[PDB]
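Colleague: Single-letter residue listing:
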Amino acid sequence: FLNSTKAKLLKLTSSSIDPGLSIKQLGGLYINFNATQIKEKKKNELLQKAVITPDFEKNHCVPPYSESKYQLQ
Amino acid sequence: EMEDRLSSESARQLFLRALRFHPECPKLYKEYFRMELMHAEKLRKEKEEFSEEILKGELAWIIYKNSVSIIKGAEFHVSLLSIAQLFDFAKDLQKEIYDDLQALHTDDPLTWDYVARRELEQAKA
Amino acid sequence: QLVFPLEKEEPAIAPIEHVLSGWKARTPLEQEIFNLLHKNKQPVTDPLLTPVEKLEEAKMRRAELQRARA
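Protein chains in written order, with the numbering used here: chain A, 1 to 73; chain B, 74 to 198; chain C, 199 to 268.
Only chain A is shown next, with the shape it has when bound in the complex:
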């Protein structure tokens, strides 16, 4: 897709025009055109925001699972 021209099919020049940046250097295209990177990031960011943390075994009392709104206020 990045370099697939019809001039490549019908040879008219020795070499083609080179763009400095490539798809592989970047993150890559968001969609597939034949027979995911944001999904791992969303999974990894969600994983970092978890109640189970380092020193979870260290704490003596587990924080309560749920609180009523009145107690939180």
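Don't read these hints as lab results, they were simulated from the structure. Please note that the accuracy of each hint is not assured.
Sample of chain B residues facing chain C (criterion: CB under 10 Å; computed from the structure) [said to hold, decoys possible]:
#1 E76
#2 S155
#3 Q158
#4 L174
Derived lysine to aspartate or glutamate pairs resembling DMTMM-like cross-links, with alpha carbons at most 20 Å apart [what the hints assert, rightly or not]:
#5 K11(A) x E114(B)
#6 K6(A) x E125(B)
#7 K8(A) x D173(B)
#8 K103(B) x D18(A)
#9 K115(B) x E76(B)
#10 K239(C) x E82(B)
#11 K6(A) x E131(B)
#12 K100(B) x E228(C)
#13 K239(C) x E121(B)
#14 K115(B) x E125(B)
#15 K8(A) x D161(B)
#16 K103(B) x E114(B)
#17 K115(B) x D77(B)
#18 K237(C) x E126(B)
#19 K103(B) x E251(C)
#20 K115(B) x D244(C)
#21 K206(C) x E254(C)
#22 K129(B) x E230(C)
#23 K237(C) x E131(B)
#24 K120(B) x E82(B)
#25 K103(B) x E131(B)
#26 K118(B) x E82(B)
#27 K11(A) x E131(B)
#28 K6(A) x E169(B)
#29 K8(A) x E114(B)
#30 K11(A) x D77(B)
#31 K6(A) x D186(B)
#32 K6(A) x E114(B)
#33 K103(B) x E169(B)
#34 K168(B) x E114(B)
#35 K138(B) x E255(C)
#36 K8(A) x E74(B)
#37 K222(C) x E254(C)
#38 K8(A) x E126(B)
#39 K138(B) x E228(C)
#40 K11(A) x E119(B)
Even for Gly, the Cβ is constructed at its ideal location relative to N, Cα and C.
Position chains B and C against the provided structure of chain A, taking the given hints into account.
Modeller: Chains B and C in isolation, oriented as in the chain A frame:
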């Protein structure tokens, strides 16, 4: 525009406008230098199927002189010769660029190195 | 339904080729390339891609358009 739409005119205006936004980009000059030489080959193939100055590669040579003046660098000067050697036609353009290497660019090690490697390229040993 | 004002309006986004016509030359690089083309026959812009504002010179230009289409 060039490789798909086959319009050399549209690609020229896109390149010329690009240099006005980026006057000091060496990458833009090198690809613009390459593009005009690509246009010349299409015109040589156009003649065989059926003006003289562009067919000689003069229109690419105008890009050569101005780009050298704006960017006063040996590596950029040698680089334009690398694309120039790639095109078999208009050897004189390679000859003109090669001679300007030693005359204009001196007191720098790179130019003397290139001449040395150019000479490089049981009896055979 | 009647729409006012009656005069039609062009689409919002010009497709590049229309934009290419508006530019002129002020850089010394452009001047030499501009001059070398007109002293010879090659046109600056693609006639079919770039529209122009709606005798013999028009006839030969039409022949040039027919060849470019060919």
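Colleague: If a hint holds in the structure, say so; if it doesn't, say that too.
Modeller: Cross-check of the supplied hints:
Evaluation of the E76(B) hint against chain C yields a violated restraint, the C-beta minimum of about 15 Å exceeding 10 Å. A distance limit of 10 Å between C-beta atoms decides the matter here; for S155(B) the minimum to chain C is near 21 Å, and the interface restraint is violated. Violation of the interface hint for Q158(B) is found here, the shortest Cβ-Cβ separation to chain C being roughly 23 Å, above the 10 Å cut-off. Contact between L174(B) and chain C, as hinted, is not supported at the beta carbon level, the nearest pair being about 22 Å apart and thus beyond 10 Å.
Restraint check: the Cα-Cα separation between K11(A) and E114(B) comes to about 11 Å, which is no more than 20 Å; the hinted pair holds. Taking the CA atoms of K6(A) and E125(B), the gap is about 28 Å. The hint is violated against a cut of 20 Å. Only pairs whose Cα atoms come within 20 Å are accepted, and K8(A) paired with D173(B) is rejected, the gap being roughly 33 Å. Restraint check: the Cα-Cα separation between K103(B) and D18(A) comes to about 10 Å, which is no more than 20 Å; the hinted pair holds.
A threshold of 20 Å between alpha carbons decides the hint, and for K115(B) with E76(B) the separation of about 11 Å falls inside it, so the pair holds. At roughly 13 Å between alpha-carbon atoms, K239(C) and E82(B) fall within 20 Å of each other, so this suggested pair holds. As the CA atoms of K6(A) and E131(B) are separated by approximately 27 Å, the hinted pair breaks the 20 Å bound. With a CA separation close to 18 Å, the supplied pair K100(B) and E228(C) stays within the 20 Å bound.
At roughly 19 Å between alpha-carbon atoms, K239(C) and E121(B) fall within 20 Å of each other, so this suggested pair holds. A distance of roughly 14 Å separates the Cα atoms of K115(B) and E125(B); the hinted pair therefore holds under the 20 Å criterion. Between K8(A) and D161(B), the direct Cα distance comes to roughly 18 Å. Compliance with the 20 Å bound is thereby established for this hinted pair. Proposed proximity of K103(B) and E114(B) is supported: the alpha carbons are some 17 Å apart, at most 20 Å.
With a C-alpha separation of about 14 Å, the suggested pairing of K115(B) with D77(B) holds against the 20 Å cut-off. Distance restraint check for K237(C) and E126(B): the Cα-Cα separation of roughly 10 Å lies within the 20 Å cut-off, and the hinted pair is therefore satisfied. At roughly 35 Å between alpha-carbon atoms, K103(B) and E251(C) are farther apart than 20 Å, so this suggested pair is violated. Note on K115(B) and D244(C): the hinted pairing holds, with a Cα-Cα distance of about 16 Å set against a maximum of 20 Å.
For the hint pairing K206(C) with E254(C), the CA-to-CA distance comes to about 34 Å; that exceeds 20 Å, so the pair is violated. With a CA separation close to 16 Å, the supplied pair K129(B) and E230(C) stays within the 20 Å bound. For the hint pairing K237(C) with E131(B), the CA-to-CA distance comes to about 13 Å; that is within 20 Å, so the pair holds. With a C-alpha separation of about 19 Å, the suggested pairing of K120(B) with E82(B) holds against the 20 Å cut-off.
At most 20 Å may separate the alpha-carbon atoms for a hinted pair to count; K103(B) and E131(B) meet this at roughly 16 Å. Restraint check: the Cα-Cα separation between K118(B) and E82(B) comes to about 18 Å, which is no more than 20 Å; the hinted pair holds. At roughly 23 Å between alpha-carbon atoms, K11(A) and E131(B) are farther apart than 20 Å, so this suggested pair is violated. At roughly 33 Å between alpha-carbon atoms, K6(A) and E169(B) are farther apart than 20 Å, so this suggested pair is violated.
Of the pairs offered as hints, the one joining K8(A) and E114(B) holds, with about 15 Å between alpha carbons and a cut-off of 20 Å not exceeded. With a C-alpha separation of about 13 Å, the suggested pairing of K11(A) with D77(B) holds against the 20 Å cut-off. Distance check on the hinted pair: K6(A) and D186(B) sit about 39 Å apart at the alpha-carbon level, beyond 20 Å; violated. For the hint pairing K6(A) with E114(B), the CA-to-CA distance comes to about 16 Å; that is within 20 Å, so the pair holds.
Between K103(B) and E169(B) the CA atoms are separated by roughly 17 Å; this keeps the pair inside 20 Å, and the hint holds. In summary, the hint linking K168(B) to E114(B) is supported, as the alpha carbons are separated by about 18 Å, within the 20 Å threshold. Proximity of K138(B) to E255(C) is assessed by CA-CA distance (about 35 Å); at most 20 Å being required, the pair is judged violated. With a C-alpha separation of about 14 Å, the suggested pair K8(A) and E74(B) falls inside the 20 Å cut-off, and the hint holds.
For the proposed pair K222(C) and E254(C), the alpha carbon gap of about 27 Å is over 20 Å, so the pair is violated. A distance of roughly 27 Å separates the Cα atoms of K8(A) and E126(B); the hinted pair therefore is violated under the 20 Å criterion. The suggested pairing of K138(B) with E228(C) holds, with an alpha-carbon distance near 13 Å, which does not exceed 20 Å. At roughly 14 Å between alpha-carbon atoms, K11(A) and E119(B) fall within 20 Å of each other, so this suggested pair holds.
Against the hints set out earlier in the document, violations occur for numbers 1, 2, 3, 4, 6, 7, 11, 19, 21, 27, 28, 31, 35, 37, 38.
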